[PDB]
Each structure stands twice: as C-alpha cells, then as structure tokens.
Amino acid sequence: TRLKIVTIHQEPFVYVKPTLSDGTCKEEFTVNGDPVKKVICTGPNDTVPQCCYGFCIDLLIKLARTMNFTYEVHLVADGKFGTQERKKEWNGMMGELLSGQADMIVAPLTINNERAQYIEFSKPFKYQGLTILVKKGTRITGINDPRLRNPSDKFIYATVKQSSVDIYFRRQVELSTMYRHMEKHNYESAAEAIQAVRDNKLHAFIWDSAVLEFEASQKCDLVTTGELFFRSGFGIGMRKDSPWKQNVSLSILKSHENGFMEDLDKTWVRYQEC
C-alpha cells in the first residue's frame, strides 16, 4: 500500500521549486559535497509536479527506508496547517488526514491537545517555541505590549490563517480587540507574512521560532523578539489506529540517539551571517 504523504511549503523544513523542462529536479549539492535529495511533489502553484526538499523530506526518506514503504508526496490543497471550524470540520493537512486524502503528515506540524484528540502524533522530532518577527530596532517586550493590547492601524500584527496559533488567538486568548485586529490582517502563508514584515506591510508576525530564527539568520533587517508562551513539538501526523504508530516513533527516537536529527539541524537550520 502506497502511503499518500501530505506536506506544506515551509522553509527550511520544506522547500518547493519547479521542475526542469524534462521533468527532473536540478542536481544540487550541499557545501560539504553530498547530494541534496529531492522528491516529485504534486500540488497547486498559484495539479502539476514540483521538486520538494528539506529537513522534513530527508526525514520522510529516513522513515521510508527504515519501515520499508513507498510514498507519493502532495501539497495540501488549501495551503493550510489545519483548524477545526463550525458540524465542526477540520481544514488543512488535518482535514486531509482524517478524510483519507492523506495517510501521513510530514511537516512542521505543531503537537497540541485539540489535534491529538483526532489524530496520532509521533514522538517530537523537534521542540520549539513561539516568537515575534519584527524589523530590526523594534523592541517588543512580550504578549502584553501597548501596541498589541491596545491595537491600531499605526502598528499592524498578524499570524497565518488556519494554524493552531490562529484559533488559539480567536477562541482562547483573554483579549477582545486583538483577534478583531488580527482577523483583518492574517496571512494565507508564512512566506507572504515574512515578506510583508520586510516591505513594512506588517509590523509583527507571530509564528514558530524554528522558522523565524532561521529567517532572521539570513536577513539582517529582521530580528525575533520574545519567547512568547511555552514550548511545543513538531511530530509526524497519522490516523489514530494506523499500524505505523509504533515504528514511526521508534525511528524518530533512534534518529535522535544516533545523531541523524542533529545532522538534519546542521544541514538545514543552524545558520548565521548577520
């Protein structure tokens, strides 16, 4: 049985590029000489084949080899991570897992309570926090800043629509006007919001620290500010009683102990130049 793997565009965990003329992927190599491994993902580009690669595709490839299965990677239809909205239905990668469109989510998918009620998560492959991406020289103290708590058109802030960050701000935050403001401004994808911070369309992007710290490392105009809230993991997503549960988690724990995960960090995440 071929596992339908679903994923999403999210650097540096998943890079998405167009194929060449002949339908292959461009032969790239890391600075240390090793081949960069890529797969033919299908999905929307504004269904046609594209080249997928990164932290999470290297991980997919590991698990494939260890558990001996075949995969067909596809990009989530709506371009979302997945929330549950009013009959309350799950969207994004979460919706696709449950409805059968996917067999496995391989992505920087945040492990939380809500989602774990409906799917199985592997043991975390990474552990990380929330932070705020801003222009260099924009001191944010924390969650309770004046410009946030008392919002305005002079200082716009946002997150990505239909992530666990979004529904938590809508449904759960102890603050009225913040979600009213944020609902006006939230972005469809993380790449768009990161670019908006650069082009001054957005003054603060609330998002995964693993993505934003990587982004700030490569962009000297951008800094992160805050360890907001608490830490949470990324894990593989599966249906609650699929027979892969045990071995996916065994593989990830083995990957942490034999240094394979540390290597994925060195290849894709750990970077500095500013």
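Between two forms, the rigid core is defined as the largest C-alpha subset superposing within 1.5 Å. Numbering follows the first chain given and starts at 1. Compared with the form deposited in another entry:
- Following superposition on the rigid core between these two forms, the residue from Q195, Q172, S99, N112 with a C-alpha displacement of 2 angstroms or more is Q172, and no other.
- Core-superposed comparison between these two forms: the CA of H74 stays below a 2 Å shift.
- With the core superposed, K123 shows a C-alpha displacement below 2 Å between these two forms.
- Once both forms are overlaid on the rigid core, the distance between the two CA positions of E28 between these two forms is under 2 angstroms.
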The other form holds:
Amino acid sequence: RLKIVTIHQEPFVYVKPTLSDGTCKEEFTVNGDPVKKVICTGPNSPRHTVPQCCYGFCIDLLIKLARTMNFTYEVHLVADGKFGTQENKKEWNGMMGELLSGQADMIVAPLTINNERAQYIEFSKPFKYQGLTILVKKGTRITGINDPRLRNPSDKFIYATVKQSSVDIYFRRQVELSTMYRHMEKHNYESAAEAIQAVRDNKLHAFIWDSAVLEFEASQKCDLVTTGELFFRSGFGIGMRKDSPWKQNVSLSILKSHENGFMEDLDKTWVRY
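In place of the form deposited in one PDB entry, the structure of the form deposited in another entry is requested.
No partners, no molecules, just the chain.
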C-alpha cells in the first residue's frame, strides 16, 4: 500500500473536516457527478494528526492512477505544510523531505518540476502545464515582472511568495532577480492561502505564485486579478523516489490521460468554470 503525501492547494487539493461520524459530506461536481473524496490525515507547534477529507484535481488524478495501475493507497497531508526546499549539511523539507525519508512513497500535488528536486527524486511527465504570474488587488496597477515597483522596490509596495516553495528557490538562484528576492525574503508567507488572504485584506500588494492557482482564485474572487500573462513556464509532476517500480507506468498514464482528454476534463471540472 502506497503512502501518498499531498498539500492543501485549491483547486488541486481541497481539505475539509470530516462529519461527526468520521465521513465526508456527499457533494456533486459542476456537471452533476458525485465528488470523489478520500480520507486524509494531517495536523490542524505540536502536530496532532486528525483524519480529514481530501478532494480535487490531484485527488481525482490519484484515484485514476490507482485504478489504472492497480495499487492501494493512504493519503496524508505534509506535516510542515511546505512544498519542498533544500536548505555544512543541506536538508530537504516539506513533501520532498517526506518522500526521501520514506514517510511518503509518492507526491501527488501541484509540485513544480525544477533542477533542484529532479536531482534527488524522479518526476513524471508534467500532468499540468502552467507558469508563474502575479496576483494583486483589483485597482492595483502594475505591468508585471518588469514593473518598477518590483524591480526597484521599497516598503511602499510589499510583494512576496510562499516560503520554501519552488517559487522561493526561483528568485533565490537567479542573480538577475537578487533585488526582488531580498525584498520578498522579509515578507514570504507560510501558505498560499494566507498570502492570498493577505492580498484581499491589503496587507500584501502582490503575490507571485503558480498561474493555475492564482487564475482560479481570480475566477472565484472578483476583487482579485492577475496582471500580465506568464513570465515563466512551469509544470507539475508526480513525485517518486528514483528506485520506485511504478515510475514508468505513472508517467505513461499521465501521457495517456493528456491524449484521451482526461486531463482536459479535470481542467473543466476543477479549474475552468
């Protein structure tokens, strides 16, 4: 039985409390179909683990991979709520640390493929093609990645990303972005949901994050808009250890789902409506 790790990240992974009887509420998709839900454990500082309810884009993809390749699974949230970063000795945190330490056998999450992570784990072919963009409060006028308020920043315009995410490494490794990185390091948020909430409450003036996430937020919350297109292309992939026996069939199933419209249906069910 495979131990699956994931992270709260709507619309890809929803996280709701269970009912009183330890079950998940029967709900229905935008097309009238039942929403497939799985029990996922995780913390609510000590980390007391409690069973919760998981569903969304990545959960639907996990169920497909299980039925396609005939394996059983147990899902749990990442203990430190982080995606994964390598920080004398270096150490991986987040879902990357759980996959390498054996706490998880597979990462099923909006996990960006980068050179840093691929050096230690195996990535499948991308199951989602997206990129990086900027979320702002409606009315805030900035052009994009090349706006002077970002390239020559002050304390009058605060922007940041998620701590210990692929976007965090993105601005740390590129010396051309060193000016922006030193502004964000003081304001990076613990989770995307908190940073998005900070933009709503006008505590954060710009959020640099995944476009598939930010554009979904702008579609449901009309006081938020994304500025410009994508200044960088990135993709999400299934994460396994390099010696996993499932890695080839996982990658083939990703391609098959792309080529028969299943990934597009998931995009219609969870992303674009």
